[PDB]
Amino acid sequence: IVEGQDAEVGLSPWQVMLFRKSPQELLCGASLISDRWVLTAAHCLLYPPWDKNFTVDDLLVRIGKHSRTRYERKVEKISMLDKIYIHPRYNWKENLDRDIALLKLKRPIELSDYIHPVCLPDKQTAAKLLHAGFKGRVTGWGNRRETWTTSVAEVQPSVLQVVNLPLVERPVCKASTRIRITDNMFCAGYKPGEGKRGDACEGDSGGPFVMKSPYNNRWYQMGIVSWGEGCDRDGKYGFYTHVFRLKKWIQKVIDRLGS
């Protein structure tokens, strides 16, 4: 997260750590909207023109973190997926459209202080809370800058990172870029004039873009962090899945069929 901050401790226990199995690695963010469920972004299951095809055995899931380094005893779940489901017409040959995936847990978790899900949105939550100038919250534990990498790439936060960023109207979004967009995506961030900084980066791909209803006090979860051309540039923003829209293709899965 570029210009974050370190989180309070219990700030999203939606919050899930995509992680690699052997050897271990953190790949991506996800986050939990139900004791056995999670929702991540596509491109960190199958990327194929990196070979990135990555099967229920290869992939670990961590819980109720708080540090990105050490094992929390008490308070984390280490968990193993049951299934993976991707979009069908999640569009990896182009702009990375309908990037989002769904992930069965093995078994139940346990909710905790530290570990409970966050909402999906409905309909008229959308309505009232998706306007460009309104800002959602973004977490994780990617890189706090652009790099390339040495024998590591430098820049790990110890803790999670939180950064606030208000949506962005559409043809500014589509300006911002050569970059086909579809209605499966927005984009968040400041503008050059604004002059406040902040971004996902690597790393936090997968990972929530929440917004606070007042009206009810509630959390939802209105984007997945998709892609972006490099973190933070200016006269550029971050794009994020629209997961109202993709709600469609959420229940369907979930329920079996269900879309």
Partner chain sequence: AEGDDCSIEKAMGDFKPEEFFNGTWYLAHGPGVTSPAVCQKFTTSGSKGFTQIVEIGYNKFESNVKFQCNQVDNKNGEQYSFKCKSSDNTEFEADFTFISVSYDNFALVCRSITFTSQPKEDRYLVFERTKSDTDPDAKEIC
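Residue numbers count along the first chain shown, from 1. What we label the rigid core is the largest C-alpha set whose atoms superpose within 1.5 Å from one form to the other. What changes on going to the form solved in complex with the partner chain:
When both forms sit on the same rigid core, the CA shifts between the two forms reach 2 angstroms or more only at 147 out of 147, 164, 177, 91.
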The other form holds:
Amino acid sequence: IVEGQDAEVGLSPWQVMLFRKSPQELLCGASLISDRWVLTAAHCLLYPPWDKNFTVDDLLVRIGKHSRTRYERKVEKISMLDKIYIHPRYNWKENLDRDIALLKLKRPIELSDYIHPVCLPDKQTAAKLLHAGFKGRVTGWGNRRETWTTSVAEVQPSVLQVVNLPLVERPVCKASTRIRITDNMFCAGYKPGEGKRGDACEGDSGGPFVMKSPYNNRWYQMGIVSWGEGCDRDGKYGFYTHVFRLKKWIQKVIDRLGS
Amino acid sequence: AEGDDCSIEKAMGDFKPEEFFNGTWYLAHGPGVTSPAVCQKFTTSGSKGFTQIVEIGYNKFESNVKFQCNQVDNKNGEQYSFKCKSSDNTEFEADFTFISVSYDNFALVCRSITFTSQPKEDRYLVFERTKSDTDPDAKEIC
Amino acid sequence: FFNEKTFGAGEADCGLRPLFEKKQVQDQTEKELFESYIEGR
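For comparison with the form deposited without the partner chain, produce the structure of the form solved in complex with the partner chain.
Everything in the complex follows now, all chains and molecules, and the chain you saw is the first one.
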């Protein structure tokens, strides 16, 4: 996260961490939607251009964390996957369209003060909250800056970071790039004229973009950190997968057993 | 836990046994539990590797007991098996299937303990390289 | 929206943090989100 601050303990109990078994390495972020379902971006698993093609046997999810390199006995729970579902229409050749994946844990995790599911947007919730100007929150253990002089260590954080970014109007998002923007994505960030800045960066790609509802006080995940051109560049915004737009698909792969 | 089966698991392959079987690892069965503590001294059939595993919260062990574990040739398939003997002469076999490990931080491992009494018991455990304060110092317990 | 058989537990009580919402405490930056709801006429 670029231009954010250390997140308090338990700030977002739905922040999952995609971890690689061997070598140990942080791969991406994710979101806990239920005690046995975790949401993330497709490119964290499948992305041929980088040789990425992970299977349920290559990763494990670490939930309840705060520090990124440290194993936290009192709060952390390590879980394994049983199945990985990636969107059939996931477009990695072009623009990372429908960049979304749904992961199923082998056995339900144990909810606690550090582990708890975020809500998925409703037809009314999406309507009342997805408005240019309203802010959302992005959390992750990805880089604190687009580059480093000597080593990546300089930009890697020790704990979970938090940045609040405003929703930007689609026309602006479209005018900021020469890359095709689709309905399955939205952008957020500060316009150059606003004396503020902040962005998601490499290592945050599955983390949730959430917004707290003024109506019922619940946190809804409106997006998934997907892509951008660099991190925190002026005139550039971060593109998140429009979760509400792919809501029907989610329900379709979840409800596949006697119901 | 009931359902886990280290037998049908898959080891990490790039595991360098001597980087692991060296030093002290602390293993708790829960955040709170601090009793019983039990010190197990492991010796790998080869380059010694006198590793001290301090296990905490395992209700099956007595609080003031020490175990001497020696590596055996059993379970040749991607598994490291050890026979452990104690001050009270308990004895049981412990098989380790290493899943993921950073020899200087922590290690996720599937363990099968087989007490001479009630056999077969699988559980995914996490060995820590750093003592979680409340843990007894290996020097005190070992 | 989801069942519970396949979905699992969590939905009916989603979005409320045990250490914050459930404890009547608000994090350091919530105010920033609420003011972003200001709407000038």
